[PDB]
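Starting off, we have a lone chain in the form deposited in one PDB entry, written out as structure tokens.
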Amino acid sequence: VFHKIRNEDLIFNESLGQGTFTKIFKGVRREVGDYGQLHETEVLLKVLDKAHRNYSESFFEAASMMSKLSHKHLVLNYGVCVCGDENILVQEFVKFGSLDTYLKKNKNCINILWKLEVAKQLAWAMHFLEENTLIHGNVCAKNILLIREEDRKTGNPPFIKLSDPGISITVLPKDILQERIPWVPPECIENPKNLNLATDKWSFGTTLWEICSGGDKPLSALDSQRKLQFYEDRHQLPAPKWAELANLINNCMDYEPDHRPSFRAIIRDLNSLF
């Protein structure tokens, strides 16, 4: 199901961070490309923790489901490595990394048309998954990767890709799900079996908030318990200073899952502004 990649062809380099029960490294893979030519291609290496090996089922399924579909806005997986005592995903290395760190580093420089253009690309990706009834389950700005920046010469827009969702929130512990508030929908915080395509409409709304809030994290100042009570009080995220998308955020973040707008209608609202 996954292309098998040789240990000897994978050189692990610098730590780039970590996700849920994973460590992330920038890497180097030696490979025969097209025409027989040998390449040294940089790769991203996602290693499942040596202590949480029980989650390997979901870990690789999440990369597997995305990999079965091919789309310009979904990150490419090259495969796994036959290491034995390790579980390593070999994924495409995106030049500029996660969108949330990028938005911090350019707070006072991303204008509204940049945020709009990134929102349309993400909504296009989500609509694609929706047509295929594939649930992502972890839509956030950390899982958005910037392939290219705005070519202020050609006025060329930024291009983004959506990374894999990682271990499902259906098997992950509550504490993890409660720290993922307000990306994890209230219904999944009440019962993780509520994971549905509507979950991705809620998380897209929270991502749109992050894209409009210069790398700021929603409910960061709130501890797990207070975040849990934010949902019990049916509260809504504060409107971003750049409030050109606050209505779409509130419409996508509807406490009633079946009232959440389709990605087709979201794209139409995104195209109506400007």
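Here, rigid core means the biggest group of C-alpha atoms that superpose within 1.5 Å across both forms. Positions refer to the first chain, counted from 1. Residues that one form lacks are left out of the comparison. Compared with the form deposited in another entry:
- Summarising the superposition on the core between the two forms, the listed residues 54, 70, 247, 229 contain exactly one with a Cα shift of 2 Å or larger, 54.
- Core-based superposition between the two forms shows that the consecutive residues, three or more at a time, whose C-alphas shift by 2 angstroms or more lie in 49 to 54, 82 to 84.
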Given for the second form:
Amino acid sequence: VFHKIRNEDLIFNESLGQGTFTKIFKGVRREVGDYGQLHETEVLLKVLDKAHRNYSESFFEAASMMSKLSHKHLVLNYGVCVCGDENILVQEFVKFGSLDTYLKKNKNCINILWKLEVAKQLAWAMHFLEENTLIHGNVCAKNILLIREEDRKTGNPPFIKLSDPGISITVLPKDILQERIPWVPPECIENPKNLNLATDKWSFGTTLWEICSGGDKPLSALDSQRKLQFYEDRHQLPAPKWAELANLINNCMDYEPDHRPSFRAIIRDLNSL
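And the form deposited in another entry, for comparison with the form deposited in one PDB entry?
Chain alone follows, minus partners and molecules.
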């Protein structure tokens, strides 16, 4: 169950770009808050076309399932507005945006402990999802949102949240799945119905590679045909520039899904670094 938000209470201010068959906007929600105060809340609006009915159902099913969980590292959805010709997810606006963009804009001037802190937080979110037997299916650095920057005076680390899952790879066109190599694991390129909790362990490895590579995209030089051949020849990503997490990345990106470590074990490994 998603809280319903009246169309009249949503103002669209900025058109920010596109996700996978979504249009993204910054806006404001006029709402009655705690103690009955009228608030104008910055919101991020994910807009789906109603005509793409199967995409929409997958998208909002995923959003709702995960929003039934409350967790400090999972993005907050405020509700939905389906009172248009479009279905709108109304989400918290995370001030510092996507982690890959953030790393690029800061020219990768962040230390290894910052990266490990973010990795630990993402792993904590993924362990929570794993304990709930809930597959995310779209773990990547762009879906890691930075709530706050490190504060060296207070000793407070960066703090992240993981985005909603979006449309499932079980319904997306094959060409999209291939473009998402190497986040989409090899068994899912073989058959998108092989989606499993193990999927997210593989994608977590790819995401760690991104975090350690300053927001570079792995295999960016390879077109889809060559990405498919990269999996065919069972190749691994190059060791990232910060190589401290190279071993963990390879252990997560195991071509045998059953051999990928649990998030409890991933957290232990991160703790020991």
